[PDB]
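Coming up is one lone chain in structure tokens, specifically the form deposited in one PDB entry.
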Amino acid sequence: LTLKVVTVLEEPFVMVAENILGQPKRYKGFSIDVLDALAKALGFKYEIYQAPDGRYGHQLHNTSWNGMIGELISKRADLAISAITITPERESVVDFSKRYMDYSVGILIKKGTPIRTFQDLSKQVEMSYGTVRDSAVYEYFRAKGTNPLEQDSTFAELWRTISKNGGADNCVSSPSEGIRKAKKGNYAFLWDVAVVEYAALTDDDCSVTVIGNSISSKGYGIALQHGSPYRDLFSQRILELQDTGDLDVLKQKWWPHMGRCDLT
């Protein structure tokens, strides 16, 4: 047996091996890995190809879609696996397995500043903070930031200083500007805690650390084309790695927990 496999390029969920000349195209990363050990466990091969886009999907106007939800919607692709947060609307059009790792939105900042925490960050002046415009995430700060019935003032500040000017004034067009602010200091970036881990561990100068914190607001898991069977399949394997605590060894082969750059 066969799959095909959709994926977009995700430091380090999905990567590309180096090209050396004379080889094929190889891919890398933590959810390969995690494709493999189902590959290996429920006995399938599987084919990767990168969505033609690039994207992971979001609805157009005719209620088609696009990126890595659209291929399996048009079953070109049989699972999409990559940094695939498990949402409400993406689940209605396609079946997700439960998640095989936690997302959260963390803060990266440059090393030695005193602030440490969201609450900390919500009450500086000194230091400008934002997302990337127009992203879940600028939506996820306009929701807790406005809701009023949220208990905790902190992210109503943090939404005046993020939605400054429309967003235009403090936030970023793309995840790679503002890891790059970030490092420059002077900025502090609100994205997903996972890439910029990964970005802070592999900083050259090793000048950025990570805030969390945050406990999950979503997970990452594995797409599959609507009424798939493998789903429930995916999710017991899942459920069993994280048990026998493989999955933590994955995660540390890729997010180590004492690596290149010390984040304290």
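Only the largest set of C-alpha atoms that superpose within 1.5 Å between the two forms is called the rigid core. Residue numbers count along the first chain shown, from 1. Compared with the form deposited in another entry:
- Remark: with the core as the superposition reference, the CA shift of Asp134 between the two forms reaches 2 Å or more.
- Once both forms are fitted on their rigid core, the CA atom of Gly166 lies 2 Å or more apart between the two forms.
- Core-superposed comparison between the two forms: the C-alpha position of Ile211 differs by no less than 2 Å.
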Given for the second form:
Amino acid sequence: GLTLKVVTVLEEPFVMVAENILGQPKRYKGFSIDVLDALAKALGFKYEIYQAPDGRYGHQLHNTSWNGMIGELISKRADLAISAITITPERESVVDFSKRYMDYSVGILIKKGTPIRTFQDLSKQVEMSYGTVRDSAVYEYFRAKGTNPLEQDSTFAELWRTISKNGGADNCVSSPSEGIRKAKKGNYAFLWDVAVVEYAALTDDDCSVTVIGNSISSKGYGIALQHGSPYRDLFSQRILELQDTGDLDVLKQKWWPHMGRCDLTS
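Can you now output the form deposited in another entry? The one shown was the form deposited in one PDB entry.
Just the single chain follows, nothing else.
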């Protein structure tokens, strides 16, 4: 029957590999998979998932083309893209996002037991390396806030001076997995999606790391569809219903356990 092609990128606990037995297609699991499954059921479609061949969310290149999942949508190789995709104006100009199914903000992952408790505390650091994924939306977030003397505090300017040192070479990482691994080794603080670093801290074998939030949320996570897709408004309606009934809250408790895991209190 009606089958949608879904492009994704691995991001814990939004989209993870579940099993891949030889001969069988790869299977996936996670919070975004469960939201997608609820939509598939309600709207009566099937789907097939593939990972973005370049592994990127996607951004705009100099000739106005896009790579990543965004590019897959523009080219119509994918009908929808889902993982932990932030709804931004640049991306919405070329694809069509559903209304959000979760809020987004940036957090800090750092080993427990330090005097750093806030973004402001991190910005005061003189010797400490900290950073984000180079070439990411989070890097571009700190560029924007850091190069804006119109902010009310030097916090973002100071954070940007460390993050962007040597064009991002010294203090940034290639992937969230590298940032998480470095934060656990100590002497590094990793700045990334708070939901991603919270999951990493909750599942740390040694319960050795904690997350600093406090970022005000102004953006959400969405399902990206093709420009002009008829499914965009249908998805939004059902997402709103999932939120109103409490079904989304249950799925969040499933992947970010309120209890049973590491205690994140430093």
